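Enquirer: Listed below, chain by chain, are the residues.
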Amino acid sequence: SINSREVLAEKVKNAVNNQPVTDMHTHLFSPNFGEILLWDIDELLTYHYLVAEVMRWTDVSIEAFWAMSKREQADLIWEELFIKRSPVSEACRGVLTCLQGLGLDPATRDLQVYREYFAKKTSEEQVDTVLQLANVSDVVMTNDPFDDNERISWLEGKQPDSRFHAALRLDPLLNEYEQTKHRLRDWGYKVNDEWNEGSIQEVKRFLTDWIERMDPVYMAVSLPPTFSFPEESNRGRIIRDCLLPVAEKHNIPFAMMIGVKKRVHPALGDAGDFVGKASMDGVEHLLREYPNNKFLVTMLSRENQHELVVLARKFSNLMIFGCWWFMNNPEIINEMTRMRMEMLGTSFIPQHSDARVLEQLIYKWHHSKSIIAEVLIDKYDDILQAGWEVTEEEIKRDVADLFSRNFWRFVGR
Amino acid sequence: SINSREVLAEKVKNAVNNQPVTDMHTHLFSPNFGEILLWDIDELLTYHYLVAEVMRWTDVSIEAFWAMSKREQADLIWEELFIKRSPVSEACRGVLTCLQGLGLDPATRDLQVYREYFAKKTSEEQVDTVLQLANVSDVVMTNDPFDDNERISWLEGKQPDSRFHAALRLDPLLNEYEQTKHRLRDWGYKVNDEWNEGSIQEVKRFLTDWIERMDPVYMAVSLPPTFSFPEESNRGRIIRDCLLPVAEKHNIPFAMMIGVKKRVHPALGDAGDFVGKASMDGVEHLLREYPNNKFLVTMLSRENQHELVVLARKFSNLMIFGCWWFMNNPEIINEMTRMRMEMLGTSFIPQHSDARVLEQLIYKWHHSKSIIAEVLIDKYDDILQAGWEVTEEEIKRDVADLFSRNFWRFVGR
Amino acid sequence: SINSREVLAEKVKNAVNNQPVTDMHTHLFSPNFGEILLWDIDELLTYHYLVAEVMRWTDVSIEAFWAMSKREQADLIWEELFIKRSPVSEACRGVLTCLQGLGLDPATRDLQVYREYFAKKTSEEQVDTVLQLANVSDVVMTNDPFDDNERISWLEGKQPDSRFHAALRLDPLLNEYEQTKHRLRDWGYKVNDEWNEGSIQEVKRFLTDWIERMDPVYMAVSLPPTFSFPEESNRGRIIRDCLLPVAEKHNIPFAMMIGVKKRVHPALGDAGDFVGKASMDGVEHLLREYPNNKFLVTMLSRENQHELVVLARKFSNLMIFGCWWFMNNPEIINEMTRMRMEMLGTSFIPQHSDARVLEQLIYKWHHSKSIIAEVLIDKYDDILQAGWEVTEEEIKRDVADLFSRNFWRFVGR
Ligand SMILES: O=C(O)[C@@H](O)C(O)[C@H](O)C(=O)O
Ligand SMILES: O=C(O)[C@@H](O)C(O)[C@H](O)C(=O)O
Ligand SMILES: O=C(O)[C@@H](O)C(O)[C@H](O)C(=O)O
Ligand SMILES: [Cl-]
Ligand code: NA
Ligand code: NA
Ligand SMILES: [Zn+2]
Ligand SMILES: [Zn+2]
Ligand SMILES: [Zn+2]
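Protein chains in written order, with the authors' numbering: chain D, 2 to 414; chain H, 2 to 414; chain G, 2 to 414.
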C-alpha cells in the first residue's frame, strides 16, 4: 500500500513515466507529408528558440546568419551556446536531453558523430524511434491552409497516419482578413467588400470545407495582448458570425493562444515575436455567452496565468492547457502547474510540447514530466498525510487524465 | 487509524519518549546512601569509558593521571577528547547529551559554567531532576555486600527510597571464593575448608540473610568468556548447591552477565577489562536442567548475540536484556535490537543504562530510545504493509512491555 | 540504458517480481502425495517457529499445548502473539503477508472468516493458487526414505508432478547409523557390525536404489556445529566411502546444511533445535580433496556466514545457498546477501523458503525478494555511477541466475 511520500514518489514517477502522451499542440507533421516534418541534430540546433539565444552572443550579423547553410548555422550555435558558454538555458539543455535519449552521448561533444546517427535513418524510422522514446501515442499538428505548401498537400490528397491529428489554424483569416479576403476569393469563396450575408456564408463555407477535408480536433488561432470580444472588427465579426456557429454545429472546440505580439523584431523571423498581458474580458465573455461552444485556452504572459486558472473555476466550457512558449520554462511550468492543480484538481491539461522539430518530443515531455510528477507527489502526499487512501490504480487514472484523457474527453473524440 | 509511515513514526516516537523507564541494571544508588551516588560534570568526564579513550591520545602517564585530582582529570579529558579532537565517540557524545538535557549549552564549551550548575544543588535535587529528564521511574542498583562502604549503609538500616531497587551482586563469592570465604567466616558464616553440608548451608544462609535485608529483584554476577556449567569449582558448586536452590525458593531470577575478561590492563583500573566470546553450553544447561529457575542474561561479545537470541527462542525461563558495555554503541544496539525483535517479537528487554554517574541516565536512555524507536517504526510499518491495523494504544502497550513491564513480569514483582 | 536510479529501481523490482522462482529447499510435497503436504491458516499459525514464540508468553504448559487440538493451538497462538502483543516478529509478520496475499483482510482480525476460505478448497487448487501468487515455478522437496509416512508413497509408485523435485534427505543414515543400521538390514541391505567392503556396498546400494527411485536433484543432510571431516565415525566413513563416490558417479551435488544442535529442548519437538558456529576445516577439506564432487552449502550460525563466502571464492565446486532458519530474518538476510554479492557478484543462490506449510511460499518469497531487490538496486546503482550502462535484459538475466538458473546449472539438470 502507498503509505509514505517515499513510496508515493516511486509510484507517481513510474505512472507518469509510463503514461502514453497525447501531445495536443505541436508543429510536427505525419511523416508522409514529407520534408515539412523537420528532424535531426542540425534542425534541433537551429530551432528558433536557439536563434534568439545565439544572437545575444555572436558577432555575426543576423543577415549573415540567414545566409549560412543549415549546417553552418548549426555549427555556429553549437560553438556559441555549447562550447563558448555552458549550455545551461532550457532550450540548450533540451538539445542535450534529446541526444542522450537517442543513445548519443553529450559527454563527448562529438557533433560530427551525432550527425552520422541521423544520416542513417529515414523519416518514417526516426518517427517510430522518437514516439517510442518519448512515449507519445498521439500528435496534434498545426495545419495552416493559408500556407501554400501545406494547402496543396491537403488539396492533393495527403492525409496523416493514425498517430497524427489535424487542427485547423486560422491566424491569417482572423487577424489579417483585409489581406486574406482576396485569397478566399482566388479560391472560389465569394466574400464581398462589405460584411454581409454573402460574406458570412462564404467564410462559413470555407471553414466547413476545411473541417471536412482535415477532420480537425479543434480550430485554432494565436491572438495579441489586445484581443477583445465582442468587437466591431473583422476578427470580431468572423468569430461571432462564422467561427462560433460552425464550431458549435460540428461540436469542435475553439483554441485560443493569447498574448503574442507578432514581429517586434522582423529580422529575427520566427524568433521575432514578443509577449504582453491580455485582458480576460474577451475570454470571460466568450465563455459566458457561448455556453454551447467549447474553448481550449493557453496564454503567453506570466501575469495572466493565475486569473486564467480562476476563470476556469467559473466556466466548465473552458479547458486550459499547457505552459506555452515563453511560459515553457521550469520556473514557470512549476508555478503554473501548482496553481492549476490547487484550484482545479485534475481538470486541466498541464502541458503540450509545441515541437517544431521531431526529436524535441523527447526533451519537452521529459523535462515537463519530471516537474509534473514532483507536483503530483506533493499533492498526493498532502492528502495521504491527511488520512486519504491513494491507490496505484487511482494514480494511473489521474495521470492518464492529465496527459491524455482530459483532452480527448473535451474535444469529443 | 495510522495511514502513513510519517504519522506512525511520530506516534511511535511519542510513545517511546513518554513511557516511564524501569532501568533494570545500573551502578547508581538511592540518594540517602551518600557519596556512593556519583554525579555532576566532573564525574561524567572521569567515567572510565572516557579514561580508556583519553589514554589513547594523552602524553600524561596513567600513573600521573591517577595522581591528579578529579577536577584536573576532567580538564585533561575535556581538553584531549573534546577540544584537541572532535568528541564523536559514543561516550563523549553522551556527555554532551547530558549537558544539553540539563539546560546547559555545549556550544560555549564553558566547563566552568557547567560546573557552577551542579554546585548549586543537592543530591536529592539532582536525582529528582535527572529522573524527570530521563523519564526513569525505577532504578535497579548493583548492591555488593563485599564492598565495605556499601555494606555499612545496609547494616546501618538504611533503605533506598521507592524509586530504587536492590540487586544482590555476588562476584566475590562466586568468582573469588577462595579469598572470600575468609571474610564470610569473619561475618559468622562458618564455611569449612571442605565443601560439605555445613559449608553449603552457611553459604545459603549468607544469601538468605542478604535477600532479607535488601529484598533484591534478582541476584547477579558477571562471568568470564570461559564460564562453564556444570563445573567442579567453587563457582560451579556454589551455583549448583546454594545459589539456584535459594533463588528457586525465593523465586528470584539469577542474572548472568557473561563475557568480561577482568584486568587485562591492571593500571587502567575499572577501565582495564576486556571481552571474549563465550560458549553457550553452560547457559543452555542451566536453562534446561533448572526449569523452575528464572535467568536474566546479557553477553559482552558481539559474536554471542545472535545465538543468545536463538537460545531465548528455546527457553521461556530465559529473559535476555540490554546491550551491555562494549555492546552499548549505536551500531551494535541497532543490529542487536533488530535480531531480537525479528526472532522474539516483544518478549525481551532491549536496554539498561549501566549508569555509574547519575546524569548518564539522560544520554543512555536518549540515545537508546531513538534507536529502539526506529526499529519499532520499521517493524510496525512492515505489518501495516501486510494489512494489519496497529492502534496507538497497542503501540503504547508494546512500548510499556519493552521499557518496563517485561522486567517486572519476569522478576515476579 | 537506465539513466536514473528511479528507472533502475523500477526495472529491477519488476524483474525481481516477475522472475519465476526455483525454491531449491522446502518441506513441501507434490499434492498427489497426500496430507503430508501441510496447508491452511491453522497450519501457518502452528508452524514451529510460532510454537517457540508463543511459549515465551503463554501460561499454558507445553504439555497442555500438545494436548490441544490443532485449532485450539492455532487459537492460542493467535491470541498470545497477535492480539495480546503486536505481531511484529518475522514469523508472525509472515502469517499476515500470507493472509493478505490470498486476498483475506488482516485488518478485521477475523480468524473465523480466514478459516472458511481454506475449507472450501482442495490441496490441488491451493497449490495452484499459491504457486501462482508466489510466482514459484519449481519446488525442491526434502525426501526422507526413513519416514514411514513418506516412504509408503514412494513405494506405492507415487511420483511428484513436474513442479516438485526430490532431494534425498539422509540424516538418519549419516547421523544415526547405529540405530539406522538395523532398518537397512530389515529392508534387505546387508550391512555388517563392522565397516567392511560388504557394508560399504550395501549402503551404496541403498543410496543408488533411492537415487533411482527418486531421481533427486541432490542428496542432503543437516549437520551439527561439531561436524568435521575426515572423521573416523560412521558419518565420516559413510561420506568418504559411499556418499561421495555415488555422488560423483551420478554427478549429483551433496547439500550440507551445517550448524544445527538437535533437541536442546526435547519437549518443544521441532521447535527444540539450537545453533552453534562450525569449523570450516571440514568443508574446506571436502572441496579441495573432492574436485569432482559438487557441494551445496548453507550454514546456521551468523558467525560462519562471512568465512563461508570467502570459501566460495576459493572453490568453484562450492555453491552456497539461502539464509537458513535462524538466518532467515531481514537483518541477517540483508547483511548476508550484501556480503555475498560484494565478494561473489551473482555466483551464488540467495534464498530458499524452507516452507513447511504451503502458503508460506507467499511471505518467504515476498519478504525475501523485497530485500534482494534493494541490494540489487544498490549494486547496480554503484556501477551506474561508475559509468557502466546496464540494460533491462542484463538485469532480467542476472535476476534469472540468482533465483533459478544458478541452481539448475550447478545441479547439472
Ligand atoms: O515555436 C513557437 O512556440 C512559436 O513560434 C509558435 O509556433 C506558437 O507556438 C504558435 O503556435 O503560434
Ligand atoms: O561500567 C561498566 O559497565 C563496567 O565497568 C561494569 O560495571 C559492568 O557493567 C558490570 O556490571 O560488571
Ligand atoms: O523448519 C526448519 O527450518 C527446520 O526445523 C528444519 O526443517 C531444517 O531447515 C532442516 O531442513 O534441517
Ligand atoms: Cl565467532
Ligand atoms: Na516561486
Ligand atoms: Na549491519
Ligand atoms: Zn505552437
Ligand atoms: Zn554494570
Ligand atoms: Zn529445511
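One or more of the hints may lead you astray.
Which copy is meant is left open, because identical chains are indistinguishable; a pair holds if it fits in one copy or across any two.
[Stated by the list, open to error] Think about it this way: if two alpha-carbon atoms lie no more than 35 Å apart in a straight line, the pair counts; the simulated DSBU-like pairs of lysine-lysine are:
#: 1; residue 1: 315; residue 2: 278
#: 2; residue 1: 12; residue 2: 278
#: 3; residue 1: 182; residue 2: 159
#: 4; residue 1: 250; residue 2: 380
#: 5; residue 1: 12; residue 2: 205
#: 6; residue 1: 121; residue 2: 71
#: 7; residue 1: 191; residue 2: 85
#: 8; residue 1: 295; residue 2: 71
#: 9; residue 1: 159; residue 2: 278
#: 10; residue 1: 121; residue 2: 397
#: 11; residue 1: 121; residue 2: 250
#: 12; residue 1: 295; residue 2: 121
#: 13; residue 1: 85; residue 2: 295
#: 14; residue 1: 262; residue 2: 278
#: 15; residue 1: 182; residue 2: 263
#: 16; residue 1: 397; residue 2: 262
#: 17; residue 1: 71; residue 2: 191
#: 18; residue 1: 12; residue 2: 182
Please keep in mind that the hints were generated in silico from the structure rather than gathered at the bench.
Enquirer: Output the numbers, in ascending order, of every earlier hint that fails for this structure.
Expert: Violated hints: 2, 4, 5, 7, 9, 11, 12, 16, 17 and 18; rest satisfied.
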